[PDB]
Amino acid sequence: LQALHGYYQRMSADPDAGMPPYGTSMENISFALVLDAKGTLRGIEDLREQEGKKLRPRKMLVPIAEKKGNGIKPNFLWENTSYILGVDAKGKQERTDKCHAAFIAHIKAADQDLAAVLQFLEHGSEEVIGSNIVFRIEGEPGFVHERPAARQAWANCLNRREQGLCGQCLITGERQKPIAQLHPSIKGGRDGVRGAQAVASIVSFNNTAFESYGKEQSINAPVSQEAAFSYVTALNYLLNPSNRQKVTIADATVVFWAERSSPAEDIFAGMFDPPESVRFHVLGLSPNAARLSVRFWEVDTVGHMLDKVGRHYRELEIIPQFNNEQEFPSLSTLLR
Amino acid sequence: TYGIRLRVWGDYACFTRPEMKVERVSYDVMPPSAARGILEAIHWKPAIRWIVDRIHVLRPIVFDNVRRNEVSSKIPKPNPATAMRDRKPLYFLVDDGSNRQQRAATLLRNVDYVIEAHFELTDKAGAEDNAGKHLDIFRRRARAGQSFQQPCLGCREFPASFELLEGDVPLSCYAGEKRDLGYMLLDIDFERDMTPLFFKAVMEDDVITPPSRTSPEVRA
Amino acid sequence: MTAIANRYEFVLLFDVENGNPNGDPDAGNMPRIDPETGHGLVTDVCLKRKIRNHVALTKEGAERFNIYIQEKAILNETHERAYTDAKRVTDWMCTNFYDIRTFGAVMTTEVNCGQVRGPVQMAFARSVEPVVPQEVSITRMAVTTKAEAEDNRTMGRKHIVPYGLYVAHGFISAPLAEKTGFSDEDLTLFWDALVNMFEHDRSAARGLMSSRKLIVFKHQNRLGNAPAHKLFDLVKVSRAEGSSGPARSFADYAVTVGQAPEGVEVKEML
Amino acid sequence: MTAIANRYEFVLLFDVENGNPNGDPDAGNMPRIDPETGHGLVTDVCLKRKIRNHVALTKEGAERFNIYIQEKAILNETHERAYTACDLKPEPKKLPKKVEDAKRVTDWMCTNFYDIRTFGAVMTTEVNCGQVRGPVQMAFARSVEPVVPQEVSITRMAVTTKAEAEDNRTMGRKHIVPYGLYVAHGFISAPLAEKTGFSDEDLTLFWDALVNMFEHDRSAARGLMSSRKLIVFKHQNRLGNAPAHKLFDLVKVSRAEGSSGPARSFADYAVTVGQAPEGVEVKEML
Numbered sequence: 003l004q005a006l007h008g009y010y011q012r013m014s015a016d017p018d019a020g021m022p023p024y025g026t027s028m029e030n031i032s033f034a035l036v037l038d039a040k041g042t043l044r045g046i047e048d049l050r051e052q053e054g055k056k057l058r059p060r061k062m063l064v065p066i067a068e069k070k071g072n073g074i075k076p077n078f079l080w081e082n083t084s085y086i087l088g089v090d091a092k093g094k095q096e097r098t099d100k101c102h103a104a105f106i107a108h109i110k111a116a117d118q119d120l121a122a123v124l125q126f127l128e129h130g140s141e142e143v144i145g146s147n148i149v150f151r152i153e154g155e156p157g158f159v160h161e162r163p164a165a166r167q168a169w170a171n172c173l174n175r176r177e178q179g180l181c182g183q184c185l186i187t188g189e190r191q192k193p194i195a196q197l198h199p200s201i202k203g204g205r206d207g208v209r210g211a212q213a214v215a216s217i218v219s220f221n222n223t224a225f226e227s228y229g230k231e232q233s234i235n236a237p238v239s240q241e242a243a244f245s246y247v248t249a250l251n252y253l254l255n256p257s258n259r260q261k262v263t264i265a266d267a268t269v270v271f272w273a274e275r276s277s278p279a280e281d282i283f284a285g286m287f288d289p290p348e349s350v351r352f353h354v355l356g357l358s359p360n361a362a363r364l365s366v367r368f369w370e371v372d373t374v375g376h377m378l379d380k381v382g383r384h385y386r387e388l389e390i391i392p393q394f395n396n397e398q399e400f401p402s403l404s405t406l407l408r
Numbered sequence: 008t009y010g011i012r013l014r015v016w017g018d019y020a021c022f023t024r025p026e027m028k029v030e031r032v033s034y035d036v037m038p039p040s041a042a043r044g045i046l047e048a049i050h051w052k053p054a055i056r057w058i059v060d061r062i063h064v065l066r067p068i069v070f071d072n073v074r075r076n077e078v079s080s081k082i083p084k085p086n087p088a089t090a091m092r093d094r095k096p097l098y099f100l101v102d103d104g105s106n107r108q109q110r111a112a113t114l115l116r117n118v119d120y121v122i123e124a125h126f127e128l129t130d131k132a133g134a135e136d137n138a139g140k141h142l143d144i145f146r147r148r149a150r151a152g153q154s155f156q157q158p159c160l161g162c163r164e165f166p167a168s169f170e171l172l173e174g175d176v177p178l179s180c181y182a183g184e185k186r187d188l189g190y191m192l193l194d195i196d197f198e199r200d201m202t203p204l205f206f207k208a209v210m211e212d213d214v215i216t217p218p219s220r221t222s223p224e225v226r227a
Numbered sequence: 001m002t003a004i005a006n007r008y009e010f011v012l013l014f015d016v017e018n019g020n021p022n023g024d025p026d027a028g029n030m031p032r033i034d035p036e037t038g039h040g041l042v043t044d045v046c047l048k049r050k051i052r053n054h055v056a057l058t059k060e061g062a063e064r065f066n067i068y069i070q071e072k073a074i075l076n077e078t079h080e081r082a083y084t101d102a103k104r105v106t107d108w109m110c111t112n113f114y115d116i117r118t119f120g121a122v123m124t125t126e127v128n129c130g131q132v133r134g135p136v137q138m139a140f141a142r143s144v145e146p147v148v149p150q151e152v153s154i155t156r157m158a159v160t161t162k163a164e165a166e171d172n173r174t175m176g177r178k179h180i181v182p183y184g185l186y187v188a189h190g191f192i193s194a195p196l197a198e199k200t201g202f203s204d205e206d207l208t209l210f211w212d213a214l215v216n217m218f219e220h221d222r223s224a225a226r227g228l229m230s231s232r233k234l235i236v237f238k239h240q241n242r243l244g245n246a247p248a249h250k251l252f253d254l255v256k257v258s259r260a261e262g263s264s265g266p267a268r269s270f271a272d273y274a275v276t277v278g279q280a281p282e283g284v285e286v287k288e289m290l
Numbered sequence: 001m002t003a004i005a006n007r008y009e010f011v012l013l014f015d016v017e018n019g020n021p022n023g024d025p026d027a028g029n030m031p032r033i034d035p036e037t038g039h040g041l042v043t044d045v046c047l048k049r050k051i052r053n054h055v056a057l058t059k060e061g062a063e064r065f066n067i068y069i070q071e072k073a074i075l076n077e078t079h080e081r082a083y084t085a086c087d088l089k090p091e092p093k094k095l096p097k098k099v100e101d102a103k104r105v106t107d108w109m110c111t112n113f114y115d116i117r118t119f120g121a122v123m124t125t126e127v128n129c130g131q132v133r134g135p136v137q138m139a140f141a142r143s144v145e146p147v148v149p150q151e152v153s154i155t156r157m158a159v160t161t162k163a164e165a166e171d172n173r174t175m176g177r178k179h180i181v182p183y184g185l186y187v188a189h190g191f192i193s194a195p196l197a198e199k200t201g202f203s204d205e206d207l208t209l210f211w212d213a214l215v216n217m218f219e220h221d222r223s224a225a226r227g228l229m230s231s232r233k234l235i236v237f238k239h240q241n242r243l244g245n246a247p248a249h250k251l252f253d254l255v256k257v258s259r260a261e262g263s264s265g266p267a268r269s270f271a272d273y274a275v276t277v278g279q280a281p282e283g284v285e286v287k288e289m290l
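So the sequences go chain by chain: I, A, B and C.
Residue numbers for the first sequence, in the authors' numbering: 3 to 111, 116 to 130, 140 to 290, 348 to 408.
Each residue of the second sequence is one higher than the one before, starting from 8 at the first, in the authors' numbering.
Residue numbers for the third sequence, in the authors' numbering: 1 to 84, 101 to 166, 171 to 290.
Residue numbers for the fourth sequence, in the authors' numbering: 1 to 166, 171 to 290.
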């Protein structure tokens, strides 16, 4: 929906809104490695946080990640132990060795920091196993991936990849835009769409029965790459529980947005305990096994659901016995 | 003068959006390509072309949901020679494992439209061919209720009832409103190896006027 | 190759009793209902599946009556092939597969756009008046997994419809048959299949179902002779005079047919 | 196990008197009824249980006459036996590849479980063994006339668990049907039988079970129930010669002309059987 694209375009213009800049996304990180400028590792920083229930990682803004199928794709500068330490618990060592080789190779595409980390890669507690890690120079603020030269290299890589075919973008209607062969994933589970696969998508053409006119893969529906990135990031942001714009009803998760959300947020009680910018887009979607489907879609104002609730309550009207009774009983009281 | 007015209505319809194809979701109104498709179902020959001009919407918009079981893949080409020379069964096993796929859908529930179009001569047409003759044949067929095949509202399981008009367009629900729809599909270019085209759609006074799909500047 | 010479249309009526005619994958297994009217709904693919199964059971692999799409009712026996430029392969397989010859198919590899459409078509079926399903609770004496052993018992649920009558429409296109070889014997077999679909369909959920009537319109022209939607209006069904309250048997309705225009003939197989 | 070679259909009648034929797990324990008209109902699942019990009682675990749905058993263990007998390893939620066809285990089970051979079962659990459809089916039973259940209140002079609030009394209530008459339908198919070997001796045992079903089912709640009539239609060829609904119409039940007011015994009704078409034979003495 172009509405998500517009929402991202608008809100990203606000520096403090929390929109990840182009080409970056927020991920889970557990530890950071500290090595001197000479290329020798010493010092480990653990950023995991105790959430009361459990010790869980922390959210960090990093370059976006590839959608890893069965193939090997190396991430730019942050990875898990298998790619970095060449070690794992999967037993198949050669796979880890190939991952490590690809990871080191991708780097080469002059900075002293990357020179040092390259030097450490000449050799490359247990909890680090399987977690995501980042690199920091001894006594250096920030992180290596945050240095401007790294950003220039990342932009250069992006320019390298975005080449070749061009066509008309359906969301914008413009001509001669590079078309995306694959779309970035969407978070599922506890902090995303509830009950869906770890990574899900809206558009996918994995089976032959779904193809037409001899097209294939995502090219079956053309959209410019940056446009694909935009709405995916916006959807991921809205799904974040920290922002109070998400609620679960029945099986479908509901998301809404406007320039203000406190009143609509009260729909929480609308089911838990029954009683210039666009205003109250409402989207409700339900999960398939590994792909998502749209349940309903409204753009009305007020947020009224009286159509059913109003009827439901007016059917229950009766004069009370005492004068101190309450007009609107909760379902819990009625059931009890 | 020239061109025809035709009326069509039914109970179900589904014009799937290209980008939500696996989980079907329908446009708000019939795109020109479907109108192209329906007209050719009554009369068409290689020597002529259909040109769509306008569409009228006469009912409000409504939605509903349906879910069904479906198949995952198509069938392969056989070799007749070897097949018979050694008896071997051929088939596709629907119930087996991943072959079964379940797909949801959302679709319109009550429709009615009026279509305005006119003919045009194909290059390969013979010299004897005249557009007026085919137009008269079309009018005869429409009045008689005759057709090459039953029309459909996007999918074969949605038959459409139709009629020919000889009067003025009646008023409609959104005759006094203007509403935006965004970009939508215009038509497919078969010459450019089946490449699609798009245009910006705005509904006002319940009438739509897409640009000409044959125009070269549209092809750009 | 020979083909039927006239356009056709037909109407079918059938009913269910204390059964679930077609379950809904989306809402547990409630029978489908149309929210706008409370009328029941049945999809066509179910009927196509039933027709396929009946033909498979009856013919038992005659030369030109094999069925391609199977659902694990397959059996092992000697097959036959009659012999018949990709068009060569297309005709060869169309000449000895009934369901392909009747409904058409889509094929993995092709050149540009070319469709095997098939001359038969049909739409959804809906009840004549509102229906109300019921819920049933059941129990079992045993449990399956060892983990849940903590003595052993469980529950379940069922959904049924007390009674209902349904109607269907369909069409046949002669010109399309002229491109596939659909001929008369096939049409007679088709009538028989429609008549005798449900006799082999008994199961634990469907209860008792049966067909009741079948009206056929035969046009004079190769194309039509009158609008279809007007023909469907001739058939009329209404509740008998003595019937009162909810309907519970076929005896509670009366069905009548008018007189069709000159160019079409009306027949009654049931 | 040679299969039968004809299509069969039958009808059954049975009574109830001052008892609860089949209680409802939800509405307390009220007898099942149709809310719109007040007619009674009995789930087919209830009857199959009685038939299983009768077979188990009469055959007493004879070989090839075991029952699969046994009291408080664990099904997955039973499935694993088939793999042990045919001597191949199982897999989680999968069947063996056809090198040792799963038909081996399928036959091994169909061969020595009567209820599976007769009704079929669903066995695609964590230890997978396939599915069966069953050549015998039957529908819900319904009463000819509306029934009027009534409720009874009773007392007990003892208490169970440290009711210290009292050593004192306690009360409960129960529900019954004064009288009622029910009808049932069923079918048998030859093509399905040929896949499982349902033979003739099985059919005779089935008739006997139907006739003698209720005599072993006495309990404090059922009151008195008995069977009254049984009519069997047999077709002359592998596939029938008439629609089922036509056959069932040949049996009609109506109140005796002299009876008036509510019915209270089988003598208040009259039963009649029509004349069957040429292609079917009606045998009744059962």
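Worth double-checking, as some hints may not be accurate.
[Unchecked claim] In silico contact screen, one side only, chain B against chain C (beta carbon under 8 Å); selected entries:
(1) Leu57
(2) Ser153
(3) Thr155
(4) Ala158
(5) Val159
(6) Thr161
(7) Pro182
(8) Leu185
(9) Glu219
(10) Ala225
(11) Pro266
(12) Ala267
[What the hints assert, rightly or not] Think about it this way: if two alpha-carbon atoms lie no more than 30 Å apart in a straight line, the pair counts; the simulated DSSO-like pairs of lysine-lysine are:
(13) B:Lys59 <-> C:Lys72
(14) I:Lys70 <-> A:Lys81
(15) I:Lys202 <-> A:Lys28
(16) A:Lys81 <-> C:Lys103
(17) A:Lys140 <-> B:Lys250
(18) I:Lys69 <-> A:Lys81
(19) C:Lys250 <-> B:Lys233
(20) C:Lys256 <-> B:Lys233
(21) I:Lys94 <-> C:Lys93
(22) I:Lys230 <-> B:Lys103
(23) C:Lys162 <-> C:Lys48
(24) I:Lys380 <-> B:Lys233
(25) C:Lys162 <-> B:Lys59
(26) B:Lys199 <-> A:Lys140
(27) I:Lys69 <-> I:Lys202
(28) C:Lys256 <-> B:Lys72
(29) B:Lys250 <-> A:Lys52
(30) B:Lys50 <-> B:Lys233
(31) C:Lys250 <-> B:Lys50
(32) C:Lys89 <-> B:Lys178
(33) C:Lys89 <-> I:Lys94
(34) C:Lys256 <-> C:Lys287
Don't read these hints as lab results, they were simulated from the structure.
Don't be surprised by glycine CBs; every beta carbon is placed ideally from N, CA and C.
Right, here's what the structure says about each hint:
1. Hint status for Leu57 (chain B): holds, given a least beta-carbon distance of 7 Å to chain C, under 8 Å.
2. About 5 Å separates the beta-carbon of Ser153 (chain B) from the nearest beta-carbon of chain C, less than 8 Å, and the hint is met.
3. With 8 Å as the threshold, the beta carbon of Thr155 (chain B) comes within range of chain C, its nearest partner Cβ sitting at about 7 Å, so the hint holds.
4. Nearest Cβ of chain C to the Cβ of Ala158 (chain B): about 5 Å, under the 8 Å cut. The hint holds.
5. Contact between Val159 (chain B) and chain C, as hinted, is supported at the beta carbon level, the nearest pair being about 6 Å apart and thus within 8 Å.
6. Taking 8 Å as the C-beta cut-off, the interface hint given for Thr161 (chain B) holds, the closest approach to chain C being about 6 Å.
7. Proximity of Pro182 (chain B) to chain C holds as hinted, the smallest CB-CB distance being about 7 Å (cut-off 8 Å).
8. Taking 8 Å as the C-beta cut-off, the interface hint given for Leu185 (chain B) is violated, the closest approach to chain C being about 13 Å.
9. With 8 Å as the threshold, the beta carbon of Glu219 (chain B) comes within range of chain C, its nearest partner Cβ sitting at about 6 Å, so the hint holds.
10. A distance limit of 8 Å between C-beta atoms decides the matter here; for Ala225 (chain B) the minimum to chain C is near 10 Å, and the interface restraint is violated.
11. Annotation: interface hint on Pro266 (chain B) holds; nearest CB of chain C at approximately 5 Å, less than 8 Å.
12. Restraint check, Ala267 (chain B) versus chain C: the minimum CB separation of about 11 Å is more than 8 Å; hint violated.
13. Distance hint between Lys59 (chain B) and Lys72 (chain C) is unfulfilled; the C-alpha atoms sit about 45 Å from each other, more than 30 Å.
14. Our distance criterion of 30 Å between C-alpha atoms is met by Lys70 (chain I) and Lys81 (chain A), whose separation comes to about 27 Å.
15. Taken as a hint, the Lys202 (chain I) and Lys28 (chain A) pair is honoured in the structure, with Cα atoms around 22 Å apart against an allowance of 30 Å.
16. With a CA separation close to 29 Å, the supplied pair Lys81 (chain A) and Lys103 (chain C) stays within the 30 Å bound.
17. Only pairs whose Cα atoms come within 30 Å are accepted, and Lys140 (chain A) paired with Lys250 (chain B) is accepted, the gap being roughly 28 Å.
18. Proximity of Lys69 (chain I) to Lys81 (chain A) is assessed by CA-CA distance (about 27 Å); at most 30 Å being required, the pair is judged to hold.
19. With a C-alpha separation of about 14 Å, the suggested pair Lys250 (chain C) and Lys233 (chain B) falls inside the 30 Å cut-off, and the hint holds.
20. With a C-alpha separation of about 23 Å, the suggested pair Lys256 (chain C) and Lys233 (chain B) falls inside the 30 Å cut-off, and the hint holds.
21. For the suggested pair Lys94 (chain I) and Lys93 (chain C), the alpha carbons sit about 26 Å apart, so the restraint of at most 30 Å is met.
22. At roughly 24 Å between alpha-carbon atoms, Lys230 (chain I) and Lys103 (chain B) fall within 30 Å of each other, so this suggested pair holds.
23. Restraint check for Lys162 (chain C) and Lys48 (chain C): not satisfied, since their Cα atoms lie roughly 41 Å apart, outside the 30 Å limit.
24. At roughly 41 Å between alpha-carbon atoms, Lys380 (chain I) and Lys233 (chain B) are farther apart than 30 Å, so this suggested pair is violated.
25. Restraint check for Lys162 (chain C) and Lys59 (chain B): the C-alpha separation of about 72 Å exceeds 30 Å, so the hint is violated.
26. About 26 Å separates the Cα atoms of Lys199 (chain B) and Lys140 (chain A), which keeps this hinted pair within 30 Å; it holds.
27. For the proposed pair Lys69 (chain I) and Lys202 (chain I), the alpha carbon gap of about 12 Å is at most 30 Å, so the pair holds.
28. Taking the CA atoms of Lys256 (chain C) and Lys72 (chain B), the gap is near 41 Å; set against the 30 Å cutoff, the hint is violated.
29. Restraint check for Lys250 (chain B) and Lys52 (chain A): satisfied, since their Cα atoms lie roughly 28 Å apart, inside the 30 Å limit.
30. Only pairs whose Cα atoms come within 30 Å are accepted, and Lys50 (chain B) paired with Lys233 (chain B) is accepted, the gap being roughly 18 Å.
31. Taking the CA atoms of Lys250 (chain C) and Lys50 (chain B), the gap is about 22 Å. The hint holds against a cut of 30 Å.
32. Restraint check for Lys89 (chain C) and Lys178 (chain B): the C-alpha separation of about 36 Å exceeds 30 Å, so the hint is violated.
33. Proximity of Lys89 (chain C) to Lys94 (chain I) is assessed by CA-CA distance (about 26 Å); at most 30 Å being required, the pair is judged to hold.
34. Distance check on the hinted pair: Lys256 (chain C) and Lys287 (chain C) sit about 16 Å apart at the alpha-carbon level, within 30 Å; holds.
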